[PDB]
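Number of protein chains: 2
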Amino acid sequence: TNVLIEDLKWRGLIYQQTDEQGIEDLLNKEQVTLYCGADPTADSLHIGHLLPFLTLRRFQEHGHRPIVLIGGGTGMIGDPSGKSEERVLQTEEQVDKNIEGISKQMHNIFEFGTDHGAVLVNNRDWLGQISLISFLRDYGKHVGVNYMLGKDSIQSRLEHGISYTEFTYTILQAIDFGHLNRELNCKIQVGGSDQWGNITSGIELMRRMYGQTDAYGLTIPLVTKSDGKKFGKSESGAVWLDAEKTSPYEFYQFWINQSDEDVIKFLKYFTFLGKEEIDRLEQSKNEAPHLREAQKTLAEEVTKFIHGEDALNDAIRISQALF
Amino acid sequence: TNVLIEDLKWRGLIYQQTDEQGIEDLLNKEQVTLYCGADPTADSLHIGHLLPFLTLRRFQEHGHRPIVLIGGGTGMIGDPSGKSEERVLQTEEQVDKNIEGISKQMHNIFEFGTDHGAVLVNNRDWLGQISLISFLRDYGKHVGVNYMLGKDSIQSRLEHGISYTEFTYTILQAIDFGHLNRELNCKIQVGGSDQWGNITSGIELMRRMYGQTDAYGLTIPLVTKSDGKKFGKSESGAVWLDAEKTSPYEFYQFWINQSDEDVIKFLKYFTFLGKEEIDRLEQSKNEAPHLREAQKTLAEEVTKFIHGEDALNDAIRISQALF
Ligand SMILES: C[C@H]1O[C@@H]([C@H](NC(=O)[C@@H](N)Cc2ccc(O)cc2)C(=O)O)[C@H](O)[C@@H](O)[C@H]1O
Ligand SMILES: C[C@H]1O[C@@H]([C@H](NC(=O)[C@@H](N)Cc2ccc(O)cc2)C(=O)O)[C@H](O)[C@@H](O)[C@H]1O
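For the protein sequence lines, the chains are A and B, in the order given. Take the first sequence: its letters are residues 4 to 326, numbered as in my numbering. Take the second sequence: its letters are residues 4 to 326, numbered as in my numbering.
Worth double-checking, as some hints may not be accurate.
No copy labels: a pair is met if it fits in one copy or bridges any two.
To be verified - Only pairs whose alpha carbons sit at most 20 Å apart, straight line, appear in this in silico EDC-like list of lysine to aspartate or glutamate:
| no. | residue 1 | residue 2 |
| --- | --- | --- |
| 1 | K232 | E162 |
| 2 | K271 | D230 |
| 3 | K248 | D282 |
| 4 | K288 | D313 |
| 5 | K228 | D217 |
| 6 | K232 | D10 |
Derived from the structure by calculation, the hints contain no laboratory data.
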């Protein structure tokens with residue numbers, strides 16, 4: 004029937020794929036379990052973390068099961084992917100604090116607590132049980148150094164002295180994928196494009212440990228602004244989902260101020276509006292751009308999803324007053 | 004009619020776009036001139052440079068005009084985009100040598116020398132005529148430092164002491180786009196995803212210098228291998244297009260050895276085969292994978308395009324003998 008795949012491609016939500024036909028066939032023949040993870044490096048998520056998780060909700064709409072992973076264990080280490088400098092280690096108590104904040108935001112994006120619906124996992128639960136010796140004998144023997152060395156995600160830090168610990172992070176993410184595959188039949192891992200290396204490590208580790216070849220990876224596009232500026236950065240800094248760090252008004256204003264060149268693409272990325280309504284908004288944008296109907300709709304949909312009706316209205320007021 | 008755009012999306016050749024609707028309308032309403040550039044940092048191109056240029060040939064097939072730019076001037080500086088370390092400056096004579104090698108390879112991919120067909124330009128021709136003072140008064144006054152600072156392409160080097168010269172490279176690429184827009188009516192610049200920053204600089208510079216708002220940018224996807232390994236790297240190092248650095252046999256073997264998960268996508272990226280023939284090859288791959296029809300076809304098409312019939316046949320022989 005390919006309804007979901009066609010929806011995803013119309014929205015431009017799929018960037019890299021480990022096996023295009025394989026994934027499409029999988030999605031057409033069965034109900035799939037998939038996951039996306041987030042490390043607790045701050046006590047809130049920001050809009051840059053939003054697209055992959057909303058995309059998991061689009062899969063859920065078609066009968067698939069999403070798994071949201073919080074990196075209680077990997078967050079004690081730090082992902083080097085795409086970054087250029089070694090990150091400082093966080094304290095156990097700060098990570099605990101962060102997990103608590105990010106967890107609350109996840110409960111607002113997915114409905115956890117149901118018998119067979121969305122699931123929230125913390126990788127500290129299994130990674131914290133692994134000893135150094137069993138890690139080297141059970142998993143490390145199945146990873147090649149050259150394989151790890153010839154990868155995108157770490158050349159950036161290769162040139163500037165990557166530590167052995169940042170170098171092994173990719174294997175921890177790999178262990179997570181194998182664990183959810185065996186425990187919850189997870190067959191697909193989703194993530195932003197900077198995660199391509201960590202995602203393929205999981206697939207190759209499973210292939211080497213068990214000849215398991217029914218696992219795939221998908222990445223979501225890096226979100227761009229037509230002028231080339233970084234998306235997700237407001238006047239001060241990042242646009243947080245925590246109302247205490249970025250107020251509903253600031254959040255709402257971020258959306259209402261997107262350009263005409265990017266607004267339709269963002270309606271496709273961030274809202275659950277149908278194609279008919281979105282096409283109507285595109286015509287309105289072409290015919291009556293001064294009405295900003297597209298931006299207004301975008302701001303309302305996302306602000307309500309993240310902060311609720313009440314906060315939206317108060318943001319709509321402060322906005323009418325400021326100008 | 005949107006025939007070209009539909010072909011491009013079926014092949015998965017478009018990643019980032021500055022204005023999706025704008026581009027589509029432009030391509031439907033007129034014959035467009037577009038360009039892609041390459042800096043002479045080696046005396047040969049490698050397969051990593053291939054996709055954007057072949058994609059320019061697909062546009063040409065539909066009546067558009069491609070411009071190929073060789074960076075005789077920017078190559079004296081070095082693009083910092085995506086890289087993590089300052090590059091050493093090359094000598095004028097080495098750059099001259101490189102321009103000569105890369106130029107020959109371009110004459111084999113496009114048909115230059117016609118009245119209104121493909122054009123080969125060297126940016127040293129106009130950048131070499133700019134003095135320091137006129138550069139600051141004519142162009143520099145129209146670029147904002149914050150704008151430049153809040154960009155992807157250089158955070159990687161921002162953390163490790165980017166020089167002022169690497170920091171200004173993006174403006175040189177911007178000047179090139181404005182120059183080809185005014186001189187050859189160039190309206191679209193194409194490039195790999197690492198060029199998104201340099202491409203948008205051109206568009207914003209034109210917008211600030213002349214309120215010119217009929218220019219767009221398109222990036223081609225980073226080519227991935229299903230296992231996550233870097234594409235375009237053979238046993239030793241990079242896969243060059245120069246027969247003296249990578250023999251036709253080595254080139255041919257690179258293609259014939261691609262996995263079943265990536266072969267169809269590569270036929271769509273690198274060949275001019277139609278959808279019907281490609282779909283037939285996909286069925287053959289699913290039904291009789293041991294025949295490697297898809298890989299064989301891929302290797303033949305690209306090796307012939309790059310090295311010619313004679314070299315192909317000799318590679319087909321050495322290949323039958325080695326195994
Ligand atoms: C949800 C977003 O998470 C971002 C980022 N993610 C990571 O660091 C991941 N390594 C988290 C992770 C940890 C363990 C896993 O098994 C799977 C994923 C973060 O801030 O937590 C990605 O950089 C982005 O591409 C997108 O995936
Ligand atoms: C053709 C390929 O060129 C690669 C790379 N390109 C560059 O460095 C560009 N800055 C070249 C360039 C120089 C001047 C321009 O006006 C426009 C483009 C190279 O090796 O020359 C890109 O990294 C890749 O994404 C793809 O665009």
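Broken hints, by number: The structure breaks hints 3, 4 and 6; every other hint is satisfied.
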